[PDB]
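Novice: Listed here are the chains, written in short residue letters.
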Amino acid sequence: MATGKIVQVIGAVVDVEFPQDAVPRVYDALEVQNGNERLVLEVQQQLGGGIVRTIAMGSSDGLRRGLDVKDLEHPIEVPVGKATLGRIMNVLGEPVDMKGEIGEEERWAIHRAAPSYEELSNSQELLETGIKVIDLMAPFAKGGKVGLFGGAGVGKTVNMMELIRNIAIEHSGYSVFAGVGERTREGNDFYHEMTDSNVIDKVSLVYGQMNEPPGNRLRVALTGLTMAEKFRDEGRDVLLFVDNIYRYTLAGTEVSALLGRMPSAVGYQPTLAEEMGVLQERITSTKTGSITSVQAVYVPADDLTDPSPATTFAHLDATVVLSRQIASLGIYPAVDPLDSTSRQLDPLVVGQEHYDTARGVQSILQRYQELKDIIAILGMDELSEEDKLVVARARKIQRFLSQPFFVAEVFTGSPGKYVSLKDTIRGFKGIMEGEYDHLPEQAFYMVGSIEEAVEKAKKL
Amino acid sequence: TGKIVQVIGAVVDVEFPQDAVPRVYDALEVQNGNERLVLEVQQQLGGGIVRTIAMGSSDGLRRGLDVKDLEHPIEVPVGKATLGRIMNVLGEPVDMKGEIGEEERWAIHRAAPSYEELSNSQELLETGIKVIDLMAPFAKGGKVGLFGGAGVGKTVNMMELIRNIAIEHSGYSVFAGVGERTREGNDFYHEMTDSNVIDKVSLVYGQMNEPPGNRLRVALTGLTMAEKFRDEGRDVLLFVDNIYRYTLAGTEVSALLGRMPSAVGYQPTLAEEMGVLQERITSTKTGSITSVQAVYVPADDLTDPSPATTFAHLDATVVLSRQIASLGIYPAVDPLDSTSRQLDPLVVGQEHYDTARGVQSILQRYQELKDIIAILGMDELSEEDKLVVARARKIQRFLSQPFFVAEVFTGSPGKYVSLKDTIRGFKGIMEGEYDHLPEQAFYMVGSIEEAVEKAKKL
Amino acid sequence: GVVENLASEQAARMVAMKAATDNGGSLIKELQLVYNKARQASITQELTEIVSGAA
Ligand SMILES: Nc1ncnc2c1ncn2[C@@H]1O[C@H](COP(=O)(O)OP(=O)(O)O)[C@@H](O)[C@H]1O
Ligand SMILES: Nc1ncnc2c1ncn2[C@@H]1O[C@H](COP(=O)(O)OP(=O)(O)O)[C@@H](O)[C@H]1O
Ligand SMILES: [Mg+2]
Ligand SMILES: [Mg+2]
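Chains D, F and G supply the protein sequences, listed in that same order. The authors' numbering puts the first sequence at residues 0 to 459. The authors' numbering puts the second sequence at residues 2 to 459. The authors' numbering puts the third sequence at residues 230 to 284.
Calculated from the structure, these hints are not laboratory results. A virtual CB, placed ideally from N, CA and C, is assigned to each residue, including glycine. Any given hint might turn out to be false.
[Said to hold, decoys possible] Some chain G residues judged to face chain F by a derived CB distance under 7 Å, without partners named: (1) 255; (2) 261; (3) 283; (4) 284.
[Stated by the list, open to error] Only pairs whose alpha carbons sit at most 25 Å apart, straight line, appear in this in silico PhoX-like list of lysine-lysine: (5) 81/F <-> 258/G; (6) 247/G <-> 81/F; (7) 457/D <-> 141/D; (8) 387/F <-> 416/F; (9) 286/F <-> 258/G; (10) 266/G <-> 387/F; (11) 286/D <-> 387/D; (12) 286/F <-> 201/F; (13) 416/F <-> 458/F; (14) 98/F <-> 141/F; (15) 98/F <-> 81/F; (16) 81/D <-> 4/D.
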């Protein structure tokens with residue numbers, strides 16, 4: 000039976016009134032027949048007598064007052080398990096790829112409490128990603144979080160595609176991709192790239208596209224989280240990719256403004272720092288398994304200080320900042336080595352070898368920054384014999400950080416390269432010791448591993 | 002038949018029988034003591050209540066007064082008989098002469114002409130002002146706007162344009178004074194009358210003394226008169242003395258009409274209030290309206306919503322600035338911010354266009370150097386950047402001109418400079434053929450010959 | 230003559246950099262008036278947009 004009735008519709012916000020015996024709880028899901036179609040509503044507030052204010056998870060058009068509404072007496076709950084690998088799903092766990100029903104055994108509610116501080120476990124096993132600059136300058140451990148900061152067009156999304164491809168191919172680990180506010184063009188390119196690279200069978204995808212109401216864009220992060228949690232309980236180590244935190248916070252701001260809450264610091268909702276914690280606190284490694292996360296975060300207008308990026312910093316363990324200047328000189332992955340950072344970069348965890356290589360590289364690049372502006376004025380011949388050496392080695396090091404990705408082959412035709420951490424440390428530590436002072440600079444550009452620089456120098 | 006039921010400031014609420022309620026924009030009438038007050042209804046609330054704005058002083062109104070429903074909008078005299086006379090917002094005569102012997106009356110609320118009727122005219126219109134018709138020339142039938150803060154010269158400029166166009170022009174002309182000083186309306190009325198051009202100019206005044214209703218509706222009256230002259234087949238000049246007061250008078254009334262505030266306290270309907278006016282002031286196939294509008298900029302902030310939404314409605318925008326007037330350089334036009342639709346090679350010719358673009362280029366390059374000049378002084382400049390700075394300052398001086406209406410302020414007599422005579426002078430200054438004169442040789446002169454002369458006398 | 234010109238160059242650079250440091254200091258105090266005015270304007274606009282949205 001259907002005990003409720005709609006009493007208002009204002010845009011995406013729908014009020015439904017039930018008999019006072021059977022008011023839905025908060026976050027319950029209701030259901031209504033929007034013409035020849037089905038629409039689910041999520042309860043946000045129990046206000047007044049029998050009346051409940053909700054957000055529509057779909058287009059609100061065509062809703063009349065007085066329609067019959069039925070309350071599913073449970074939150075929105077989605078399919079989980081192995082059945083979801085290789086599928087695309089919307090916030091409600093329905094397939095949007097036309098391959099038919101999901102086939103799931105089990106469904107989990109997307110609202111659940113985070114682990115208690117004693118269920119956690121801290122283990123410092125570094126992830127190996129296969130990207131030179133990331134492994135070297137910004138190591139991150141299982142269970143930790145990484146933030147790809149930067150403006151627009153720098154490479155956050157293709158860097159995440161590359162990380163997914165490596166993890167899936169070279170380490171056989173599962174992955175989940177939550178497209179919070181995803182551009183359908185990029186979502187389709189991502190689908191065809193994952194299926195062409197032959198990794199789709201180890202990723203499960205969730206898309207809340209931009210053309211969907213705010214409620215869809217908001218709750219998608221929790222659906223991706225719930226799938227990643229199901230994989231964790233099986234004892235696996237999964238990796239959760241969130242395609243933009245900035246659009247999670249924007250969907251939260253819109254949902255807040257619709258419900259009429261009194262706004263806050265720069266138009267952001269009041270609950271901003273609580274939504275961010277509700278999300279980021281379920282991503283942890285427990286004694287049974289581990290969820291690692293890497294998260295793209297758009298910085299609007301380069302200021303790193305307005306609430307949206309400012310609040311997320313509190314939760315990250317490493318930060319990789321991408322720069323459009325570096326990208327325009329053509330050295331992708333476009334990671335800035337000097338501003339990217341990690342909490343795990345200290346000797347007690349990465350060993351003295353890796354630590355000294357990282358700090359030596361940063362010091363050489365920092366010195367080349369100084370020498371650039373003398374080279375500009377006095378010309379280069381006014382440099383010492385040693386300083387011309389720092390210059391040549393800094394330029395080689397700066398070439399060597401670039402790498403050809405497997406997913407970028409569509410842009411440049413060049414085949415991709417996967418570089419282990421041993422090769423990274425060995426190559427950089429060799430360059431900084433004058434072992435390769437006889438090769439030309441361009442021998443190191445987009446070359447992958449160090450042993451392929453000596454091969455490329457023969458051909459130049 | 003109606004009763005007053007509330008009086009908040011300038012807005013009055015009136016209660017009518019259920020079936021007798023007035024339509025929007027109808028006019029009601031009250032007897033405020035030994036006075037007759039006109040109310041224009043703005044909104045129909047539920048239950049026979051109707052909300053109005055008082056076209057007069059609101060004081061003295063009790064609750065429960067009886068108001069009479071006149072069944073028509075505000076209508077104003079129009080046509081040839083309204084010519085050479087001063088009128089109220091309600092179309093009443095305000096000079097001490099007799100009644101206006103009009104044959105016809107029009108409602109001040111009208112729809113803008115259809116897209117099918119509009120007309121387009123590249124016919125350039127010369128004004129003897131160097132900066133305006135070098136940088137931002139305008140055409141017969143086009144719209145011009147003078148943007149500026151308080152006290153920078155956007156009324157003196159409008160009176161000089163009146164002098165240079167509206168005496169040397171045959172058709173009729175209209176002047177609407179929206180929310181400005183009555184002193185200046187009187188001075189203008191007598192300047193006209195003491196030179197016998199008054200009997201081809203029609204005046205409407207809603208000056209700043211008057212309560213918000215008058216300043217709110219007085220622009221539509223001037224437009225209605227101009228539209229009558231346009232439809233007769235003539236071509237008309239319409240000068241509006243400050244169009245910013247037409248929206249400020251809306252901001253004053255807006256909150257009392259029960260509308261939620263918007264960006265900087267402005268009414269939520271700002272862009273529509275402004276468009277539904279600016280859209281009926283246009284030329285058409287049957288006749289043309291040429292206009293000049295003074296547009297006040299609050300707090301000198303050109304990004305304020307009210308100036309910002311106006312730039313889109315004008316063809317030539319002349320942006321005056323305080324940081325130039327306080328150098329004594331009049332007219333204080335900013336050439337890096339003035340602009341015209343007509344400044345195309347295909348409309349003004351390659352040489353005029355190219356001179357204007359070169360002048361903008363020099364003055365912009367001079368703006369870029371001001372910070373280094375301010376920190377490190379002028380001696381660190383390249384040997385050719387000092388030359389750019391010298392020619393830029395010479396160009397800034399030469400943009401100045403003595404107006405005929407500004408004799409009262411400076412003694413020096415006015416000058417009229419033709420276009421042929423100004424592009425020549427600027428081409429000269431740019432090509433370097435006057436590098437030997439001092440800057441002051443250029444300040445406040447007519448053509449370039451008068452500068453070459455003033456240099457002899459220092 | 231060369232050595233005297235060099236000493237003269239050093240003295241002129243000293244006094245020119247003195248002038249430039251004073252010119253920078255006198256410009257900080259203009260930029261701070263601008264900054265304060267903008268700070269106040271933003272506080273006012275934000276707090277009005279909150280209070281006037283309620284109810
Ligand atoms: N490693 C790369 N190789 C080649 N092209 C790249 C690479 N990274 C970024 N690009 C270029 O940048 C564009 C957008 O990159 P993307 O990562 O989507 O930016 P954003 O981080 O803003 O999403 C791509 O279309 C591609 O042309
Ligand atoms: N061509 C000019 N020569 C000298 N002074 C001028 C000239 N144009 C404007 N001014 C000065 O501009 C001042 C501002 O007057 P006005 O134009 O009425 O400002 P507003 O535009 O606000 O009405 C005048 O008092 C006058 O001294
Ligand atoms: Mg992206
Ligand atoms: Mg004035």
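Novice: Check each numbered hint from earlier against the structure, then list the numbers of those it violates in ascending order.
Specialist: Result: hints 1, 2, 3, 4, 5, 6, 7, 8, 9, 10, 11, 14, 16 break, sorted rising.
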